[PDB]
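Visitor: Listed below, chain by chain, are the residues.
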Amino acid sequence: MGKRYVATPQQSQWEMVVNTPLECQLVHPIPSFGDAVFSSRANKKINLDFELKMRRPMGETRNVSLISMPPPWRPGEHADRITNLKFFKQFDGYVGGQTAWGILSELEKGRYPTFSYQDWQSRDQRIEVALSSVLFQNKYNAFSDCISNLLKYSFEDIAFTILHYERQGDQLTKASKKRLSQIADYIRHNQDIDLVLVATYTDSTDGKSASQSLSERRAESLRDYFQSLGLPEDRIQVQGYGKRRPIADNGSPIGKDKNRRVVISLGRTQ
Amino acid sequence: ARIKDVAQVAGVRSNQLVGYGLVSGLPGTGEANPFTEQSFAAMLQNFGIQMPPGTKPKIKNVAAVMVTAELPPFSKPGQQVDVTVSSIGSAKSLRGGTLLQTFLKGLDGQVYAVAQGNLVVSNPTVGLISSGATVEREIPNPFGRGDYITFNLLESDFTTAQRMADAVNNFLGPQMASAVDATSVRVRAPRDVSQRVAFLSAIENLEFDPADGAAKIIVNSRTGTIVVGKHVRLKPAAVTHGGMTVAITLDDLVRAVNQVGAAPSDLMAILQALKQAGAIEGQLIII
Amino acid sequence: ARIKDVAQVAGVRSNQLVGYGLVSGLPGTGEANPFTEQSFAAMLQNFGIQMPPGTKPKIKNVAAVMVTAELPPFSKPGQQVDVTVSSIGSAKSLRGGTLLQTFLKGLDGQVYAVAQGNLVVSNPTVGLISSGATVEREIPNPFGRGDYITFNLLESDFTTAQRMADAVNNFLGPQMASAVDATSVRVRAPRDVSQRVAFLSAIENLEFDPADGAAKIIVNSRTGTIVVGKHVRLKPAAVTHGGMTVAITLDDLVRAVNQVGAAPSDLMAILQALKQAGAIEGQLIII
Amino acid sequence: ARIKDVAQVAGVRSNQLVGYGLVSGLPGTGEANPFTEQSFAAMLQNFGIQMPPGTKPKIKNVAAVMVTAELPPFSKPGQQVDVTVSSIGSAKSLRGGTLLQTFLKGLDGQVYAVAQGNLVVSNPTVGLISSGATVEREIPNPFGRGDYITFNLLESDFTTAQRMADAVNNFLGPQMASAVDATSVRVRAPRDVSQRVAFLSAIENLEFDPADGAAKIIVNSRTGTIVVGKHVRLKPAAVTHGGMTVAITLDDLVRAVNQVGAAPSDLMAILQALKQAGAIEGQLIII
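Chains as they are written, first to last, in my numbering: chain A, 1 to 270; chain B, 1 to 287; chain C, 1 to 287; chain D, 1 to 287.
Excised from the complex, chain A in its bound form:
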């Protein structure tokens, strides 16, 4: 007959593979076919990716039909046509946007999301791939909890940061300390960040030697802080530019405060 790939109730299992404030990964192994992976990542926007990863790669680009088929143990219920996708050659199947959340929802109701398409490896015959809802509820609760505990900013949102200092003292302002805490959280949870560039520089109020001394003291304090997060010393770079290179009109009270600033630039190895 036809080839249907689904996990029987004795085989169906869901796992939370990545559970960190930077990524969530819920994986359902489809026996004899591959994996179904839901991934959510720390970001400012709602994002979910569903990837149907196949052991044998996609032979050709095919139109795929996504249906919400009821399980066998639900007589009298009809199937809902969800949508039509396109699975591309030598790529994992991808569903994103509202449809991935809809797949999760149809699994929450106890149904089977079924992808139907003509398989190139199977003499161009129609095959079905279903996601089992058996043992889904607890892992969906864990997935929702992890999504709740996701950072509301990505690497793009913090990779470049400019912080400001108070008029009198060596401490950062309140907002600058908050942004530094955000940077520290992202760094402490991300192991792929390799480079930190720190460029402190100050206002023209003090003398040139005094400006350089203040800038270097601030740079060394920030370098020690970045060391405290766990990065090795060979990765952090710190430089104090004193009162040179002003970005704002020195002399105005606001301009001097602008120039009293530090640049922090992160660099990752994805």
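Just so you know, these hints were derived from the structure itself, not from any lab.
Heads up, the beta-carbon is just placed ideally off N, CA and C, and yes, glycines get one too.
One or more hints might be untrue.
[Claimed, not checked] With the C-beta cut set under 8 Å, the calculated list includes, among others, these residues of chain D facing chain B:
1. 222
2. 237
3. 241
4. 274
Based on these hints, arrange chains B, C and D on the given structure of chain A.
Guide: Chains B, C and D only, in chain A's frame:
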């Protein structure tokens, strides 16, 4: 506890078969009862030997017995089940006997099995045969009908029924199982019989915690054992038995029993007084 | 104390089934009573063996018994319940016997179970079977009817009834449970049977403190034990028993009993004198 | 466990043959029963010796017996099967006897085997012959019919039925075997009888793990042995038997039995109290 350990599927039942037969090959420990001789004569007529009327067989190695078998659910023709053989006349022992061909009848009067074999007795008048009865007929089953299957709890309880319903819903999905009373839980099942067996295989292995149940005190009035269940509480009181006074589970009451000579079975009468005074938070059951 | 420990749901009742049967396979400890022989002959006729009239079976391994089973609430066909087997003739022992097919009738005269199995006796004339009776019929229940469920207290008390009402109201909300007398508490329940089981599951596990109850003194006139409950107060008096005088719970009175020889059961008569003099603040109950 | 170890092929059955015969060559341990003498006289008439009517043979080396044989499936004419020979008269011993020609009849009244040979007795009234019966007729078989073969589980279970279905599907391919109930599994088979035997040879040797089954406690009420299966759980309770109190598998209960004198068979009555209190998660079966 697995669902299959604490519940049974509705419509999947056993049936009881009963029949009359003779046990031969006894070392002179048979009967002389009129019905034994009558049955023996009829059996001999079935083989071509017909004694003249009024002839006394003088048999001593034959005993009349009652044969009982329980037919398991989904029993198919050709299978073998155990039979219990019990003497109904005056035979001293059935040890070493052989059960002759006996037809086992159901509650509707039809024959469903035939029993033979060798008796294994320890009571020397009751023996068992491990494959005595061969099933010859099938009993229809409502298992494959309908759009649901039903689990019947061995120990009826509202909380156990609801917890088993939650166990199925968590495993499969919402609105899948429902408790209809303290005993039954209905689970929606596939229409195909092969898929229903595969479905029931996954469901019957689910684990859940049965409820503790109502607090009870079970007293065996003829053996003397007193089983006090969990959640039984005895209110404090001054109990004077014999000549000594004690103040208040059984441990204190057993010591009060041991104070005087009395007897370990005198505790059964102390509980009844506590029950009358309202000093028991539970049910006192006498079996 | 949980609600399920100290109360029962109204309409969720047990039923008692009774029947007559024969126990076979006894080691020569059967009967010769006329009714036993008559029943044995009828049973043999049911299998095709009919003795001539006036024939004495001379059976010694068969005893006539009375079989009793209690049908738990929500009992479904196919379930098994315990049966108590008691001899009614003159059999010396039922040990090692086998109960033959007996039909258990309800109070309306209809058959609701069939009992067989092996007897387990310790009194050698009373035995029990753990799954003797198989339920064959259902008894309808008013549990799912109406807009409320009712809890019946095992120990009737106005304060316990009101405290259980408060326990439900605190858990769920105002105007949810009401005590209608010293025994019954009415709780509003869902109309759906599945939701009512889920609702009753949460309610029957609620904890509350039952009231102490009226102060009572329970005296077992045949065993001699005296159980003095809480809140019993004895007014001071000069009690002269035998030759010694004592002044006034039981501890002082037991010492007065021990002063003279007398007997530990002479205390039962001292209490009656105190009751007549109005020196007891409670109820003196004799069981 | 191999499939052939835990299952049987549907339609491939045994048949039971029964017959009446005489055993000669006994050292003076024969019978004098009227039917023995009647059969002996008829046998002698079959050889040309006819005694005048009313002549008493005064035989002492001949005993009347009942001969039983089980006909294995696919039994062909010329094969030999075992026979069990049991005395039905009053012979003291069958040791050293010789079974004379006896015809073994099926359930339809036709002769399918003839039994002779030498008896091997240990009970001196029951003996066995290793090749007593020679098969003379064939019984037709439905094995080669249809488009599938069916396996009947010796121990019925939904999980064992489904696991055996998966074992065949993994070995051969998808949609090959299906479980139709808790006992039967249907496997598609070739139409040719020779290919079906070759096919069944590969399938019956498949290995799989039978399920544990429902948790049960088996009590032999007449021997005293108590077999507690896997997955049986006893809920904690305070058990007072005799004069000592114990708290809760059998190991603790056996120690409580050994505390008092009592008897090792008093444990059978402790379990029944635990069953009544709902402290057993399983089935208490009495055999």
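Visitor: Hint by hint, note whether the structure agrees.
Guide: Hint check:
1. Given the 8 Å rule on beta carbons, the hint for residue 222 of chain D holds: about 5 Å separates it from the nearest Cβ of chain B.
2. Interface restraint check for residue 237 of chain D: the shortest CB-CB distance to chain B comes to about 5 Å, inside 8 Å, so the restraint holds.
3. Evaluation of the residue 241 of chain D hint against chain B yields a held restraint, the C-beta minimum of about 4 Å falling below 8 Å.
4. The beta carbon of residue 274 of chain D is positioned within 8 Å of a beta carbon in chain B (closest approach about 6 Å), and the interface hint is therefore held.
Comparing the model with each earlier hint shows no violations; every hint is respected.
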